[PDB]
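Only one chain is given next, in structure tokens, and it is the form deposited without its partner chain.
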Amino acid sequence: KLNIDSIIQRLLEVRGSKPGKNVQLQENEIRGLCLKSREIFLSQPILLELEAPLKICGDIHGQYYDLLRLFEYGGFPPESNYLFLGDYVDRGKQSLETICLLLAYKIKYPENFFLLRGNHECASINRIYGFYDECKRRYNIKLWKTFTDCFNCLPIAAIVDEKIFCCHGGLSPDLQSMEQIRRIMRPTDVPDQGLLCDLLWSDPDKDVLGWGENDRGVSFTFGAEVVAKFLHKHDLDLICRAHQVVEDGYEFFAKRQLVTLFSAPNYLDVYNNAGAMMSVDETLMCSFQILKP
């Protein structure tokens, strides 16, 4: 009953309009996007096994027109396949248009479009950093809770061609086998510290080789040795994550065993960072497409 094509049409109708122009979908349409995508998320693994070619994107944080710029540069679905690493809402001015377009494409192209969970796809987080307020203003809190129920079902990681491990934050001192991830049950809010918490919040740190203290006030930091042990144990070549703002949109850490992607140019209007998107072809060759602010 949900008219996906009309929703997409209206959402894309603003590409070319003055940045900031809102697209106000009906409440029933947004709830449908949430309920239908949730079903698909639960129907697919929590640890996705994808194949190149694919375009991987980092944080978007409600910068809708920048999301439109990414698609125009990388190709609107289904021209290209996409994998987003999380943090779709909060901070930006248009989290609603942003998340709705993404859910809409997930429903429209369930086998060629994927979305991972970021720490901002968490109630306790998006309640404070913007999304809740945006829903309260343009719609209502009940709709916000519907979004939360959808987010609690997002997959947590993906492996591209058995070589690239993708997640939002990073590793966990609790992560020993890939099975541990695959066994995580949904829906789930992340109520306790531990594996899922770390996957959503950890960061690589240049100072320590093993495990360190995280300035975020949650989770930990991990060094090059930790990364090395992980990659070899699971026969992987690289970790692709997001979660941290980087100047060039992308940046390597842990002696190039990990790459961080961030796709929200000029973050919060304060940073003058660029946004980036990483393209991976069938020859498992990695390439970066930058998006200047």
Given for the second form:
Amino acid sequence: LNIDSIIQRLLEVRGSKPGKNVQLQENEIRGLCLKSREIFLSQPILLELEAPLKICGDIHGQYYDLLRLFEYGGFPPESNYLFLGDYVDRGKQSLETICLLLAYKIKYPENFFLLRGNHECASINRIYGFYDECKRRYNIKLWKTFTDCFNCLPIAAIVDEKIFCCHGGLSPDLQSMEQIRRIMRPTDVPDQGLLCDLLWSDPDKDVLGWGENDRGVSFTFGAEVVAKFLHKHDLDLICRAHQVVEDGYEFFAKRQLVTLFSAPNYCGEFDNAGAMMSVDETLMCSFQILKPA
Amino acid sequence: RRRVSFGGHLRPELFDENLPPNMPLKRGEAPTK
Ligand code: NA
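Output the form solved in complex with its partner chain next; the form deposited without its partner chain has already been displayed.
Next comes the full complex, this chain leading.
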């Protein structure tokens, strides 16, 4: 598996009009799954990360915007990266997106990190685009190979013991960080429970504690839950994705939580910028915005 | 003190959806320690 040749090909459309596809061989994509899966399994499911790094929210198959984000943040390995999930579905080029991210994981396994989002889930990406994309450009056998890779993704990360990172949000079940570590991989995303909430829950200023989530899955949680959580674990900030935010980032509960969304002009349906959170070695966090004209 | 802070607003990378990722309109401001 020539990782360098794969990266070179995926990065070849950096100077091309948007819309150009990169079609790796089916065997190379399978190799990207099998070797990244191996690296995910070898690394903790709750990542213990060190700044500086840049943190990115949903990409959702918008490959040329991913390249634009790297154009700003710095292509690996000029900067360290943590992505919060949702690499596939909704966009037109989920295949190029996840292959570049997995290739970057294999290439810099100690400087490039990918969390699991709710769309790295066979039940979800079956209906929201990625299955259909695998099927017309390659085949269903490849989609199932991706599912076995996604089942091994980590679900949370803590940076400098101060920034708690996951795709969705908190869980009423999360009492000890040990609980996340005990989760065994490969695993699917259950319809309820700890792992479900970490990929699916949302903050809500109108809820006092834990509340209904009208996504039909998981919970919403209030500002008090955030504050109690940060004091109990001695953290300073929750960093999550999972929701479209107009400015690419949005604070919640007196800046104790931030939502990142990194796909500008999402689906051609929304009016949003994309944002990364750049965290320096002093944990001073800045938001680099990718804004469309 | 090892603690989260937030920097000032940064000028964003302005892009044209029809231009290559190689050709940004405005270089977004970089963060400085
Ligand atoms: Na920890």
